[PDB]
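Okay, here we've got a single chain as structure tokens, the form solved without the RNA, with questions on binding and movement later.
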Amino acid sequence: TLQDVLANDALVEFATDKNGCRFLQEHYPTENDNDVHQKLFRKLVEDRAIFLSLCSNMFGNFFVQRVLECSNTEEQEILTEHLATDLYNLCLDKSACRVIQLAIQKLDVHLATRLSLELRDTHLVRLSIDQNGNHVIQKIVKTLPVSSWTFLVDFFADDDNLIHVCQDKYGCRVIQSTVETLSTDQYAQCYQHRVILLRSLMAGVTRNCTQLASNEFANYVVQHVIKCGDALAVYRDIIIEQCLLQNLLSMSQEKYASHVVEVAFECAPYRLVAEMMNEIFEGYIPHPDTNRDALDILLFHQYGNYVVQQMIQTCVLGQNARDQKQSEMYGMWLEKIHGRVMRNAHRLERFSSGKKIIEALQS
């Protein structure tokens, strides 16, 4: 019946139907030299408006994906030009962005490079925070070489663009994908190119870390820097030392930055764990009277109590350190925290968080 739909010119009438597009998708000739394959491709790409309306459709996008799977480089050139005419609005659509991601996966690397470079002068903040275009940006970053999307790094060297993209549910995933792609397989490249691009990102992260860590979604970027080791570990310490120190008590009382403080207490080396512990303990936040200590504030706080729990967990896991001085220092820190909890234990038992802390000190 495929020759019947070739003769009646009802390729739109099948692809705009669920059963019709399933019939086109199942019986599509995978061989490029087939006559029915060539005829169906020609009927697909005769009208650019018809092709782009089929990409933007609930069902016909699957037929466009099936054509894109069974494609040689000439067909890929035709489809690349047709998509690049309206690429930016194609990524914003729920349907056509699937076609764009399969294009980034399955086209030749110069054609997908052309598609990635067609986005370099568009509203990339809107595309990164979009419900649908964020997957296209992530697919471009994770799939294509860095030279195909280096402009994105250049787009994120602006602080306003980095803050606007990071402070969003979808754009923070874009920033995480870019950071995770650039950091991977460093010190196996013999030159510092991805290192310079990653430094260009991390300088903007470092200069804006207090605003990013206190945000609902932009704190995930900071936790991604701290939690991931390897080439990001050197940046982790920087965020601990230049941005988080002298600010532990304020961020630990904050709704979203307390997560960053927990992740920093979890992942820091002993060098920075020592300075963070001495800031929380009898160091900064001095209270030069009979007012509350920083640990006294964080014990009875709805978000700082998890920072105290992470301090307990860090010291418990750090008693088994290979170094003896580090092990006795983690033990002394846990003694300090345990003594301060046991001082206020009868007060802490009246609340859920304090009961959780006391049960954590049990086990």
The other form holds:
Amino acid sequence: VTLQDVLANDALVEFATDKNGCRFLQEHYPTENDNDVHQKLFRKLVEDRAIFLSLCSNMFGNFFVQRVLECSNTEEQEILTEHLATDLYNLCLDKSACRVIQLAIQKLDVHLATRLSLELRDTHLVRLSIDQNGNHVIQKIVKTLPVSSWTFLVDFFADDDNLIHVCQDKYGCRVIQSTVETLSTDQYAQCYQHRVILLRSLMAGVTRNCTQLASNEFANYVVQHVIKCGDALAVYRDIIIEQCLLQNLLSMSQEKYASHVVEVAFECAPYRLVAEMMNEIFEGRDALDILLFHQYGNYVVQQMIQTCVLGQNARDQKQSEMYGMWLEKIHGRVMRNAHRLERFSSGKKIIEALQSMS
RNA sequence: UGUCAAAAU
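Same protein, different condition: the form solved without the RNA was shown, now please give the form deposited with the RNA bound.
Below: every chain and molecule of the assembly, starting with the one above.
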């Protein structure tokens, strides 16, 4: 069998819907754009829009379409962009066609992929951001294309309700993370700070709603990302710590999901905010006794122990002395209630750590 | 002793 056989029999669909036939088409498809067999196969692919869009939706057919994307020049890409734009929203939600869309985002010329990105502006973006398939399309656009192709997403997520729904979703939290990273990893090389204004418009909702976001089963991760980020998002980290966590550390160390946020905050914060957090913990049966004997706050106590142990090895010796004070206070309270703590592993681990350091 | 943590052959 050869390709002239499938061109003469008009059987492109019948091999591309088969596994072995599509692998034959992929292995023998000519890569040079001026080959006649290349052009005849391309015409048979794109001459009927319904056939093309059904081949994009196929379990085995899509791959051949993806190979046609890898070999394509600008004239072929214009036709492909028009056919994809006619059904882009359902193509993004499909298990097979979304991979064609993602490869198109990587491989098309930037104005063509910009056109496809801006086609989605008036669709249902929450539904697209929370789908198992379309989330990856949104992330591919954000991490691939320049920002002017997707600032409508920053405007969309500037609304508070939209942010909460996407951030609290299993998949949309990943979308929020990728957008914050892309807008923060850059702006450093920029001279006019265009991306950090967009990042401030995005992070205003996060700081405005971060108590509910930190208490959530999926949005907590997003709240941990900012705090764990570093100097790129350090201002927003410090805003979250001074506004949300302070005067609420006793409550959220006891919650199932927000205790991870409190733990990450003890792990990654400046000394002033750490000192204010230790002030809140040691100055409310008081708060440290509650957190030693709690199913979630015990891990917060362990994190305080670890950030005092690694904290003592510091250049400024005043901060190191305060770290020693805090660790000595924790050590004294644990040796006061060691008898009961030994009953549960919650305490065995805490003691083992306090034993490691004498 | 604590989290549902990302879609094809």
